[PDB]
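Peer 1: What follows is each chain in one-letter form.
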Amino acid sequence: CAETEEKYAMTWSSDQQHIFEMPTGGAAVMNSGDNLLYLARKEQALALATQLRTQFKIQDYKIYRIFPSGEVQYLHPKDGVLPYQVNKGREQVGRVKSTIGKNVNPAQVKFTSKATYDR
Amino acid sequence: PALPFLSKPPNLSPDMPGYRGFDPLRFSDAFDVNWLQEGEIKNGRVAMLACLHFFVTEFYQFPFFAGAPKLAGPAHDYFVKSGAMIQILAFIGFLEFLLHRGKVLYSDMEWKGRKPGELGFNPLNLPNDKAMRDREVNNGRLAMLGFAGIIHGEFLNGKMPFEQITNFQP
Amino acid sequence: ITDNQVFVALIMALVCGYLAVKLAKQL
Amino acid sequence: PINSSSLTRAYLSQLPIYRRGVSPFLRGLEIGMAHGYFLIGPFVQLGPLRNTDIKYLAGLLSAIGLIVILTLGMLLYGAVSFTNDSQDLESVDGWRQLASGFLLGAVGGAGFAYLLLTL
Amino acid sequence: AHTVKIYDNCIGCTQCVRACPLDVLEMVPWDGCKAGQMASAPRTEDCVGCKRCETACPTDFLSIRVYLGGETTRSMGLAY
Amino acid sequence: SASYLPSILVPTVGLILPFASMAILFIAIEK
Amino acid sequence: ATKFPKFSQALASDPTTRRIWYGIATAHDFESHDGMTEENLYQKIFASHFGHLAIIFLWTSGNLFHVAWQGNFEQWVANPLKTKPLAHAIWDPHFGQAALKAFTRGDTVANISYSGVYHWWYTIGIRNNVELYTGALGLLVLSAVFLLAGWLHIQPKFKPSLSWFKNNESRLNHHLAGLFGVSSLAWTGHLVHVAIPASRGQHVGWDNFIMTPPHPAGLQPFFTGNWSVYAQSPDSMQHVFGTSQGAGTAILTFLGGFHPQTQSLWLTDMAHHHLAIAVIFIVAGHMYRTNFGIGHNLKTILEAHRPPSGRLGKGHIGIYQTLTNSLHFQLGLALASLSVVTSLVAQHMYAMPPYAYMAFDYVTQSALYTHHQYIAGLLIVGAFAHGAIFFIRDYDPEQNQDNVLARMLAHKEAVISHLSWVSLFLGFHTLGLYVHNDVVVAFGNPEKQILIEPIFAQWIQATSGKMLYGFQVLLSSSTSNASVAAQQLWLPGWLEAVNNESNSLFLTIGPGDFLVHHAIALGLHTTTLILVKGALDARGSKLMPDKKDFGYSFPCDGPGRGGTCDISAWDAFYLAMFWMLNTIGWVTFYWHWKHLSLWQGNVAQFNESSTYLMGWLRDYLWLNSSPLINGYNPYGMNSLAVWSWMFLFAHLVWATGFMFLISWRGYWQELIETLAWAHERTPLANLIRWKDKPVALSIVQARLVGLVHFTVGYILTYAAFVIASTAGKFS
Ligand code: CLA
Ligand code: CLA
Ligand code: CLA
Ligand SMILES: CC1=C(/C=C/C(C)=C/C=C/C(C)=C/C=C/C=C(C)/C=C/C=C(C)/C=C/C2=C(C)CCCC2(C)C)C(C)(C)CCC1
Ligand SMILES: CC1=C(/C=C/C(C)=C/C=C/C(C)=C/C=C/C=C(C)/C=C/C=C(C)/C=C/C2=C(C)CCCC2(C)C)C(C)(C)CCC1
Ligand code: SF4
Ligand code: SF4
Ligand code: SF4
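Residue numbers (the authors' numbering), protein chains in the order written: chain D, 21 to 139; chain 4, 4 to 173; chain M, 2 to 28; chain L, 20 to 138; chain C, 2 to 81; chain I, 2 to 32; chain B, 2 to 732.
Everything labelled a hint here was simulated from the structure, so no lab data went into it.
Just so you know, not all the hints are guaranteed correct.
What the hints assert, rightly or not - Quick list of in silico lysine to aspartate or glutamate cross-link-like pairs, EDC-like style, CA-CA up to 20 Å:
#, chain 1, residue 1, chain 2, residue 2
1, D, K130, B, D547
2, B, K300, I, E31
3, D, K117, B, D547
4, 4, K162, M, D4
5, B, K692, D, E26
6, M, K26, B, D547
7, D, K134, B, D397
8, D, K134, B, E32
9, 4, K118, 4, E61
10, I, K32, 4, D111
11, 4, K106, 4, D80
12, C, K6, C, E46
13, B, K7, I, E31
Okay, chain D solo, but in the shape it has when bound:
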């Protein structure tokens, strides 16, 4: 709940009072000017981002991750840029030198606290 779990607060703006669909279920009123939406988990929120963005222009939208100590975060957008569009600011993490074909066998990782792909 709001006493111990992270509530995700999707904030966005529109132009017309349309009708979208909640990830809770059922239609919502969709305040035209600017509106927030407290949600439970992130897949609901970005599923609402796909719910709106694949319909029509809904941009300048992002969830503030309400965590129960009080402060916020900035999910989705992160960098005023759409994530599959390429911005030259995102520093890559999570790559290796080659394919799976050069991953070590787990009998070399055995009795060590490594992973089968680290090289």
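Chains 4, M, L, C, I and B with the ligands: place on chain D using the hints.
Peer 2: Coordinates of chains 4, M, L, C, I and B with the ligands only, in the frame set by chain D:
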């Protein structure tokens, strides 16, 4: 301390009553030395009263119900049959609401008054919690073992409680 | 066929129970 | 929303927990005063000893047989959860007073129903 | 957390990022491919591990591999 | 043949040992 | 270490209920903990071995104590045909009144011990309850010894070094000599000193076993090699087991065959038997080098077996490295060899019944066989399961550079294609012939059946003297080389047991033997198709070659690339456990319906009504469950009312398995959210909030728990039907 081959610094304490420095199997580890103390005191007092029943099995105080003097074996079964042995569990329950007041075995032991002794049952009150405690526990411990020595005298001898002592040997 | 040997039995497996908790609280 | 109205709020408000201030021993003694009086019922008429004159005594030993288990569950839940010491029912001490109140009040309810099955 | 690692088959066709419903994966300009793009997974603390990326990963065999690691609150995806 | 011993051991291991052992294992989750 | 999985911090951070289940099911997975290296692994499995052994000897002291204290053992010794062997007594407070009249056997209300234990303790020479008490204390002491060692070798300076554990070289010098050779020799020291005289009437307890020699002259004029004196006067014919009438005094006579009266093997034959096995194992203990240096280096024994034919890769060079460093290879060979040993035990406990007055109680013999067959299949499936664990978490194809193992992974495609071929062939040629025979029998015509005589088994029984077929070959022909070659030694005492149709040795054979034994080979080849599949495709398939990276029991790969339900090496376990229960199913249905035709007597009831499937579902399941399912009626009950209850109970286990096997997680993972919504929202219970978050069971656990209910439901149903069926037609 006491047991000679250096095996004596367990979780116990030397100023505890009944102390003569003896835990070879280190039961004082892991078993809450104060609760083991209160179980030793309570086992000593109820074994003490129980062997006092095996001391006053003489003709005095047979008030109209039993008629079965000095049985010590199925006398337990004689009053399972006669009833009111459930009832003394009720009465002892009516004691042990008032005595310990927390009454759960290891969870929440009522350690408030420095000694495993509840409410200060002492209407005479000539001694307080002095080293008389030190001579209570032995008078429980001997009251434990020979108590077994009575009931095992009912087990395999099966003859009589008191009639081993004069010249009576198998 | 007797009773005392049953007491001796539960003594020996009570001690064996102390070795069971004794081995159990080290691995 | 619905089933949160002021009759629901007023009825749930004066329950033996949500009411303002009671000592947790008496706060549990009201709980056991309900439940221990209750649990004599489905052991007298339907228990295994419902045909001797132990229709009523088996209600006591069976029902208190449930009661010590239920207080054991009370002490488990206050042992694991409610780690703080805020002195109310969300504490350890207030919870074990709630459990001791449930035990003494529940056995009191059992003996009360047992003595009220005299008539 | 589910460790998502993105290997060097990643030709940067962005079906991973457009397929992921969590924005754990972005695109990074990487001058090793024809498109100059290669995906990254910085925010794997939000990674469910539903492997909807590995469905829509049109490489030879799976540039992006989702190893099922630890299970936190968010990675378990429970509502409450 | 101490015939009374199952009337002691079968309840005290059949029911009350998976009560206090539930307590020891389940509090032992949080110890 | 912080919470629960005091061993894995990857699960102690989990807030769900998965920390409990995976905290349990990965507890013994010692190769994947926080920081447990090799010395900290062998020094834990070595202690837990001792804890295990002490659990075994606590259990056998359990049987010794209940038979010692609640059983009717010496009253059973008085009349081993008549009185039923009693198990431990009952204490139900649930047996109201009418149940207790259905269990009283004397003063006791005990269960009937359908586990063959009084027979084996009666051939050991236990003729009292006192020896059972001294033995039960004698194993409480031994379990205290083993718990002392496991506690003692986890004490820190007595934790043995890993170079001692890698004395792989010399365990075989000590197991084959000490564990196998000496103890079996010591077991002859029982059989010569106890079982022979207490079978020949002489109560040689623990007193006179040094003053009464088992032969009247012994060992001062017997280092001279006059060993035919120990096989001088056998126990010929006119003897009842236990008394001294009609019995000789020789010790090691190898007559061969059975008793005439108790239909069990001679204890002279077992004394000579374990003596010869003892000598041959002690000879086999002198096999390998040690600190002395007279033996065989194992590197010189696997290195030398590279054929110059060149077909078998670069030989076994690489195998000795991957047995020392491995464990799941060594455990795979251990469960393989123990499992074939169990199936050998099962195939000989009925065939050559060792224990006096077995094959006279027809329930204990029917439970020992089925017991060791289901345990046999469990341990084979363990050998292949740890085979796949070896190929994932333990296999190095760079130390196994083009080794025999890497050759196996090379031609694993041909292996799985040909296992799938023979399994397909047998599955169209058992099911084809049973549906042929069942259609044809169904159409008013049992004659138009396909019955193939299994002539190869009939010819092999003709090689062992079964003259009831008319082949007249090596032992059935009484004039051949082997027939003259042991004419005095062990043949005429043994061909009487072969040509007899009372005993369960070399049974008479119809085409039910043909069609069933093809069904069994179907079960073996399907089950090895699965196990050898997900043991050789355990490491990488053309669906996903990442499989070695994910460990053994990873769940799936998601819907990607068509869908990937159960790709892991754990699936081969998960499916070949169904095929294990099935195959051991058909083994024990076949055995049990063969012997419900022998023991009833109507062998024609089998051979006319087992060549088709309604012969099984009619003549065996529908008819022999009749004294089962009458275990309690609306007219009363009897002693079978336990098993007829358990039977029904076990169906409720079995089908609950389907709830986990059929219906998978994401149903329940979005149903627990309704339950947690309803618990959070309600009054009077939102106080009582969980600590571990309620989460439906993960899809490795779920398939596992559905498998566990499938096994427990299966095995409890069939243990109900064996015992209630034979105990209903007899006793
Ligand atoms: C002579 C010396 C000797 C002896 C007797 C043993 C004995 C044993 N060692 Mg051992 N060991 C030795 C020297 C010895 N070791 C040396 C020198 C080393 C160092 C190089 C080791 C290193 C070592 C390790 C590292 C381990 C052992 C283990 C074991 C135990 C094996 C498990 C078991 O009980 O199986 C018993 C098996 C049988 C009795 C036979 C099973 C198979 C047969 C063919 C079937 C049974 C026969 C018959 C048909 C059935 C009878 C049943 C009856 C009902 C009819 C066993 C107690 C293991 C263990 O568990 O730790 C204790 C273990 O992990 N040992
Ligand atoms: C002596 C033999 C032996 C030994 C040492 C091992 C040892 C091991 N096995 Mg194993 N295994 C064996 C035999 C053996 N196996 C056999 C015979 C089989 C075939 C049945 C298997 C099948 C098997 C599988 C499939 C897996 C292992 C795994 C493992 C490893 C971890 C086990 C673990 O943490 O479990 C923890 C302990 C438990 C889960 C407790 C067992 C409870 C089971 C699941 C159900 C029993 C409940 C019971 C029936 C309910 C009672 C109710 C009543 C009505 C019947 C460990 C090295 C695992 C592994 O290495 O993967 C990482 C793994 O996935 N084994
Ligand atoms: C009645 C239950 C049943 C049956 C018949 C089978 C049959 C088979 N399983 Mg199997 N299996 C079952 C339950 C069953 N399984 C269960 C419960 C599990 C656990 C999930 C498994 C797990 C399992 C695994 C893991 C594997 C098999 C495999 C196989 C095949 C083994 C090779 C063989 O015998 O081919 C002979 C073929 C048959 C016996 C098929 C039956 C013949 C049919 C009925 C005739 C053809 C259709 C007929 C003309 C009717 C027309 C229909 C009409 C609509 C026109 C065989 C098809 C293996 C495989 O693929 O082997 C190659 C394999 O690896 N099974
Ligand atoms: C159906 C219905 C309902 C319900 C019901 C109810 C609610 C009931 C309950 C009831 C109950 C549930 C009751 C209770 C009772 C009780 C009381 C009223 C009190 C009494 C008292 C007591 C119990 C006491 C005790 C004791 C003793 C005896 C001794 C000492 C201790 C003590 C003090 C504790 C309603 C109404 C809602 C509605 C309508 C319908
Ligand atoms: C996966 C894996 C594995 C597996 C496991 C197992 C399970 C195996 C199998 C195996 C088995 C399970 C075994 C079997 C064997 C076979 C045999 C062994 C057969 C043969 C037969 C014979 C040999 C017989 C014959 C005869 C007769 C009849 C009489 C006369 C003489 C003679 C003896 C010749 C291993 C560990 C290896 C490796 C790793 C991986
Ligand atoms: S990896 Fe496959 S999915 Fe991810 S970007 Fe390159 S192509 Fe698009
Ligand atoms: S892991 Fe599951 S969530 Fe994270 S990217 Fe791949 S698919 Fe989207
Ligand atoms: S069902 Fe769940 S598990 Fe089975 S394949 Fe599709 S995703 Fe992987």
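Peer 1: Enumerate the violated hints, using their earlier numbering and listing them in ascending order.
Peer 2: Violated hints: 2, 6, 9, 11; rest satisfied.
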